[PDB]
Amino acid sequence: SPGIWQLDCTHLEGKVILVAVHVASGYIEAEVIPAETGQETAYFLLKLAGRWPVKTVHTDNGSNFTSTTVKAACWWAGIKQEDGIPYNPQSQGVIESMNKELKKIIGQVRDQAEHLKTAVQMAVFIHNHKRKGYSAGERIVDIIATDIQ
């Protein structure tokens, strides 16, 4: 589970916010894209996997699961591409809660930037630093460091 991530796509201001969640910690990376295509998703995974040791990704929908470009990125980066079926029903709830929380934070910062992408990065920062007492940023590093050792 140190290497397990979940993709999540949410919408705001007629744009798409693509999110990757490190399941065990709740740490996130996110980007704003015009629409959720295989190429956009592939490029996002490529970025993520260069930055964190991504072993497995649960894709956010069937189109990204099927996409040969997404499969190509997962092959390139050594990621096991999996479905995102919530066999554990609590999974849906957690993601939905996170999207609601992220949108709330974006609202709280929205006037501190012209562009949504800037607001989204502020929200990523606030989310990852929030103490809940460790932060998600602390938890991910601790989990991965323990795995290396």
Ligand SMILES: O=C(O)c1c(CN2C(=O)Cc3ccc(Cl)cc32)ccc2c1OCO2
Second form
Number of protein chains: 2
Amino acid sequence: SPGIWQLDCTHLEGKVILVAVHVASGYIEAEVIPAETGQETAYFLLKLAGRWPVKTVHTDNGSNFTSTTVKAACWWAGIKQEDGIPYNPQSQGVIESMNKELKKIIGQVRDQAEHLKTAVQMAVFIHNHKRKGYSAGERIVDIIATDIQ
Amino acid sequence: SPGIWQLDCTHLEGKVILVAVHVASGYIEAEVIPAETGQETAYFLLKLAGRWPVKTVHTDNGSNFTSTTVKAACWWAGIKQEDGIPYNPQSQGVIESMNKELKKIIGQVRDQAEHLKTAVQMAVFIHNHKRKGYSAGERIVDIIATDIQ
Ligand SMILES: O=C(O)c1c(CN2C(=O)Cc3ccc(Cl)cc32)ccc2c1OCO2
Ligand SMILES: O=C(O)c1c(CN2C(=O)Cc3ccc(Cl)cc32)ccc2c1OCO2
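For comparison with the form deposited without the named molecule, kindly provide the form solved in complex with the named molecule.
All chains and molecules follow, beginning with the one already shown.
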């Protein structure tokens, strides 16, 4: 579980927000792209795997699962690419509830930035620092450090 | 020291690579931008502080130290913005040797990517995963986890 991430793609303002969630902690990373393509997804995964120890990724749809650019980045970065088929049925609503929470945060900071991408990074910041009692940013560091030790 | 980062800016292929180094571990994050501006610097710091607990940033020059967009992002994200004056003189050479190493990594992967930004992210990955036998990615997670507890 310490190396498992789920990809998630949601829309806002006619743009796409790509999200990776660290499943055990709830910690997220996200970026605004003009559209989800294999290339953007591959590049986002290379960034993430250079920052955290990403062992397995549950892809968000079957086009990214199939994409040869995505499989090439997974290969390069050492990542097991898996489907994201929610065999535990809890998954669909969990992803939906996160997207709803993210967009709520985004609407709360929205007026503080001209560009969507700034608002999205503010929301990532607020989501990861929120105490729930540790934050997601705390949990992921504790999970992975425990795993190393 | 677990919340201190140093910003660093280096050039390659007529482009700018902005780097943030976690001083205690050597772990880095980097991005390619067309030019260093306050706005780009501010946005890079907002991204970094949503991912790691950034308490203190030593800015890479006095224009970013002065930049009101940069000070606004530091304020938003709770970061103490400091100068990067190497009061310890070993600082200049250490930053230079890191730039040289990053650029060596980059030339080793350069072939494998059309765009500079991809090669930069491959180099961030290789740099953070290198053992020499803990890696930088391991050290930063141990340092910060030790600090939470
Ligand atoms: O805040 C969140 O990110 C969040 C999440 C995030 N999350 C976790 O905490 C663990 C987890 C596993 C898988 C996925 Cl896909 C999301 C999450 C789930 C449900 C929610 C959320 O907000 C409201 O309902
Ligand atoms: O590989 C690196 O990142 C590296 C570094 C990085 N580094 C550390 O390990 C600790 C540290 C504090 C401050 C700075 Cl500014 C860089 C570093 C320093 C010197 C080097 C390097 O490569 C060769 O010489």
